[PDB]
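Shown next as structure tokens: one chain only, the form deposited in one PDB entry.
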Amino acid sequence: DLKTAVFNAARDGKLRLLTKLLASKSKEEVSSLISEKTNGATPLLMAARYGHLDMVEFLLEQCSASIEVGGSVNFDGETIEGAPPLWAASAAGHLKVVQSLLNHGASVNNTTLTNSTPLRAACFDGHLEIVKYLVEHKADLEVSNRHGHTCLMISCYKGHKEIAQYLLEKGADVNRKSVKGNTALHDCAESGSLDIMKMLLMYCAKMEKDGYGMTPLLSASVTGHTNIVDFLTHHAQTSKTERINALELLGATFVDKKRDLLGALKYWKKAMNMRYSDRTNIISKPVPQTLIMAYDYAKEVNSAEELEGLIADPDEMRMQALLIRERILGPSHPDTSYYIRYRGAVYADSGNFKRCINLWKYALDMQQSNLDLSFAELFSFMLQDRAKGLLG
């Protein structure tokens, strides 16, 4: 059929072939043929997505009526819905197509269905020259996606220094918060982007708690980026108690996520030294409400002497890490029950099924008590059909 014929010709950029298929067709008829969806996409969306500049120019000369029509595009095996041509061209990095669509009057802030702008798509994949062209053509820096994530946030998350720098030079609001309270400083802390964090602080970005109660410092401790933790624990905006807790939580991350007991001890000793540095104002460990069977009824070490006999006792270290995480992150942070379950799984693998079951029981009780990453979802995600070699 002629519908799919012109579609496939647009998708492949075959200009002479396409003009042959429209020869001696009424203006009103070709405009109906170009405005036709095929596999959820228009001929213009395909020509723009694949960077066929002469095809994009030809189609728009015929009829500009689909220039804002969003449809289905594929990026690296993922399908994105309601994407207009400008967005797809920006996401794919086709600068000349970007310039051409804007010339024909494409709307610079027309988003996908998740409210991702063309500027967001360019920031995501790091297309600096497109980011600049969009901003020079009135793209709104502060239109965020449906989670409230901004262009500055995703640039920081992806470690795109030059783009982050340019957005800042053009006046991006450094203190925007996503729906869950994420700021661009958290994105730097979660990605370990220290140079970008320093750039944000040149604009006096404020360190704030996100929806999980996490500062950028704590986010770095949770994810294990020691470069961010080292920087921020020498930053005057973090108090002594915040520094001690961040170092102790980072140690727990070394135990459970990095499986690095020597590295954990280094940070626990650093924090313990700080707890006792002022002999007149000792920061002692807080005492929890009750001892916990799943933690083997352990309690946190409270002096430098109790730390010295710890490396030969890996089981004590694993219980310390659990005590520390529950103290600092709290029961309603998803990492707390996650790492309890992970520790239980390790005991199951070593044949300690009673320890395993008590840890899993505690994690489930914790999860159910704070309700307002299941075993089945973890299992299916793990063995999900990563069909390696099927293509080649």
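Residue numbers count along the first chain shown, from 1. For the two forms, the rigid core is made up of the largest set of C-alpha atoms that agree within 1.5 Å on superposition. What changes on going to the form deposited in another entry:
- In this overlay on the rigid core, residue 26 has a C-alpha that sits 2 Å or more away from its partner position between the two forms.
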Contents of the next structure:
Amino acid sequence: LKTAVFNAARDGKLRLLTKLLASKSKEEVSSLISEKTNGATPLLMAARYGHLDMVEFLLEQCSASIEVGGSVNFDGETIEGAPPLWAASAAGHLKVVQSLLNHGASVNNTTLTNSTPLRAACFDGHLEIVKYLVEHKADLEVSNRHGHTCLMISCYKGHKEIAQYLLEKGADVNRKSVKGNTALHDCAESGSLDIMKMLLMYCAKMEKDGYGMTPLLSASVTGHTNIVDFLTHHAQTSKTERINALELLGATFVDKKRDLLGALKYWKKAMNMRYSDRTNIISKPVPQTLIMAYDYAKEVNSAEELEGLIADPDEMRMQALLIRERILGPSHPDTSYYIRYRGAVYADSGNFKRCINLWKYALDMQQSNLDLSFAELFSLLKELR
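Structure of the form deposited in another entry (previous: the form deposited in one PDB entry):
If you are looking for partners or other molecules, they are not here, because only the chain is given.
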């Protein structure tokens, strides 16, 4: 019975439901409206799929399913506890949002992950819904259960207009998530040099997160050269922080971009800064010990130890593992990840001894620095709406 009233609400057939709602009274017309049809409610599905004409009629019958959290689907994943206003926002259904609000829907009702209607419109970038929600008393600084703000997710998805608008309306540029992440990091991870420049217009301070990473280092890990190039001349970064970032960027060039000539370019830049002031030379730190996994290798220490490298791809591969463990450390997932990557390439090429040693080392790293896997494979946090 009601399983039929709801599948026409989802699919949007408005003529059918009007005749099924003429063959029943106004007291039980509310019981079918408060359905459990595949976890959602007739009013929720009516908002997720933008059926404005039928959402307005659904509400003239009973405005009591209006803050109900049910199940919705986006990008294949499924979201629990999403109210209808939130879902109308994530989908871009601007006029469904306006109608939902004119009938007195809370602009502050979130999903179970505590994602506001405002944050939902920021994900896919619906600027006009964002403006409307802000004008209807949305709170710029309610974040999800991880502390990811609207401004943050807007920077991560590269939405300059929306990020600008949120800053214009007074959003705090220096929020830290629970993991210590700031909107400046989301600019770094997305290569949004534009939005990074705009955040700096509001004196955005450049900090480490829980993992110890600055945006400058975060841009090096994820490989966005425009950020790393931009920040090697920003006065808010020190000399050895520039050096390390260029050097770590080189590692990303060797292992992530598979580009030895790009890597040497950045390693040379880093080398010059190290040996630019002869009265204070930045020597490479010296690890506790040589590592079998790294073939007992040692980081280059002079501009000329860099020249005889390009004809030696293996030394560069071992340089990159060394540089990464030095800068990122054993706790950053990229270190073990690229050790295992490296081991895998060696397996493919023939030396299984190199492979197993790298894989053994990575497991001892993954297990000795404790609080991804090979089967799993046979960041995701920020794509949460």
